[PDB]
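One chain follows as structure tokens, the form deposited in one PDB entry.
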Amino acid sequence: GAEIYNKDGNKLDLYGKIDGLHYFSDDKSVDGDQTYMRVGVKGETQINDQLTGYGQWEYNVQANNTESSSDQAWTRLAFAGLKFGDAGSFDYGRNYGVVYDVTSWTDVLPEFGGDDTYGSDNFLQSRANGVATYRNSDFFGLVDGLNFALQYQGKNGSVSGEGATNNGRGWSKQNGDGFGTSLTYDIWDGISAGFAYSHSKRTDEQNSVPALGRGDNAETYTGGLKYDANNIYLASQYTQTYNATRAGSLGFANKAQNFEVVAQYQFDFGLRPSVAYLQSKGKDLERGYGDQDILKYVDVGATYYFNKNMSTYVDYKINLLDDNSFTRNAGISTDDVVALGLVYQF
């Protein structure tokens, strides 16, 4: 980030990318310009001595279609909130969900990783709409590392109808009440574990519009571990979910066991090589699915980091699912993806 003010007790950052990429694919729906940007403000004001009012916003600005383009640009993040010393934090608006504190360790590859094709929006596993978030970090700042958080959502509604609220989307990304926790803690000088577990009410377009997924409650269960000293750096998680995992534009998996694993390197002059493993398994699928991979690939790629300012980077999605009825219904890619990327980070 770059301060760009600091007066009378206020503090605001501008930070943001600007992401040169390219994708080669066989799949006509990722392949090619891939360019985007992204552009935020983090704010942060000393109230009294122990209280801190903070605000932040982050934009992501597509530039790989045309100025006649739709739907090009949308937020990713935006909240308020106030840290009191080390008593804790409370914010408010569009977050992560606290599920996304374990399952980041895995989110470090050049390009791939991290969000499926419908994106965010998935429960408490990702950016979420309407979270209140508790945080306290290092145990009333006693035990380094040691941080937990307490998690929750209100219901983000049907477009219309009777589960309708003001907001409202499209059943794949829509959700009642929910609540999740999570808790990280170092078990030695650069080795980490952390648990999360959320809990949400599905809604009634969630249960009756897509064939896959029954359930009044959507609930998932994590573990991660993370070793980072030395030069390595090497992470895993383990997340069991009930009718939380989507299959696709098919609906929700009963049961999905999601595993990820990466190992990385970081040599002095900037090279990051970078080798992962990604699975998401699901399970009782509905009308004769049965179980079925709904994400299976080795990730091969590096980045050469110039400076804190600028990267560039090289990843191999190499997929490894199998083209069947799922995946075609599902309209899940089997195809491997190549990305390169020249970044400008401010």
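Positions refer to the first chain, counted from 1. Basically, rigid core = biggest C-alpha set you can superpose within 1.5 Å across the two forms. Compared with the form deposited in another entry:
- Following superposition on the rigid core between these two forms, the residue from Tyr221, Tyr118, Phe90, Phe259 with a C-alpha displacement of 2 angstroms or more is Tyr118, and no other.
- Once you line up the core between these two forms, the Cα of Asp144 ends up 2 Å or more from where it was.
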Contents of the next structure:
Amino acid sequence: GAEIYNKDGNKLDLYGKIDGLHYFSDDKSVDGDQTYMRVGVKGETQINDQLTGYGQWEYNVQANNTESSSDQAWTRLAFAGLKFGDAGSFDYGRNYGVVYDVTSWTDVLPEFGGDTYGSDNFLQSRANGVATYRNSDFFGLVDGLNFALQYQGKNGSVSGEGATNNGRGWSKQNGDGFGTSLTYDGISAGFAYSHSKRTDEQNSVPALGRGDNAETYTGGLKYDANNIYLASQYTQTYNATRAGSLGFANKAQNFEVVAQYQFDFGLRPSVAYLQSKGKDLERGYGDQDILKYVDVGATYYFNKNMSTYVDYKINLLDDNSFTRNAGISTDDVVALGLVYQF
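Could I have the structure of this protein in the form deposited in another entry, to go alongside the form deposited in one PDB entry above?
One chain, no partners, no other molecules: that is all that follows.
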């Protein structure tokens, strides 16, 4: 974050990164140049000495296709909020679902990771139209104790009776919903719950998954001290985990764990394991691995603005009828990255 403005009670931080990034894989849909950049603005204004206003916007700009290519940029975040002393904060916009308050603890790999869930995937990650109340250190009474309460209105179909103004396809639709999170402290533990109504299209068009509500239950653990980082994340889902392109898993059990070490000279090796186990899938699928891989990588930090990394995704999925029909990659991937950040 680069502070480019600080005057008359308002401050502007520009931030982002340019990632010179290349994948090598036998999977032709992921193989090759993956260069992209992120640019963002973070602003806050002191209204009075107890009230602060703020806004944040974050933009992704792909740079791996041509100048005539289509749909190469999109907004990751955009929200405005108010925070009042110890009474908490409230923001609204496109922001992270509060489930990520805990699952982000394992989303720290050099390149891969964080993919037992997706974006626009109920309240598991970045989401449209979330209203989020947060409180740090429980009103100033319990150090290290944080919680959040979140509401999301329906984001429905493009047309018909299920429509909203901002309609999308069924895999990124949501009904009215809410979520909570709680975290507590160099060992931390955390929990999160989310619950969203599912839409009619979601319960009629996809081949897999039927249920009134999408629900997630998460617990997580983190150790962060002495240049060691250990983290684990266990999430049980109902009608909320995508079964690739086929729909949603009626039930899934998602597990992420990671171990990293920071050498003083800048090298940060990382080792991790991720699995998403789908249960009670229709069509004879039954129990199926939705995700399963070991990840071995390393990032070298030249300083806080320059790094380079390699990441090896060791894919442990078998190619079977489920991964084939669902469009799920079973190939290994090697990622090489050179990153300038500000």
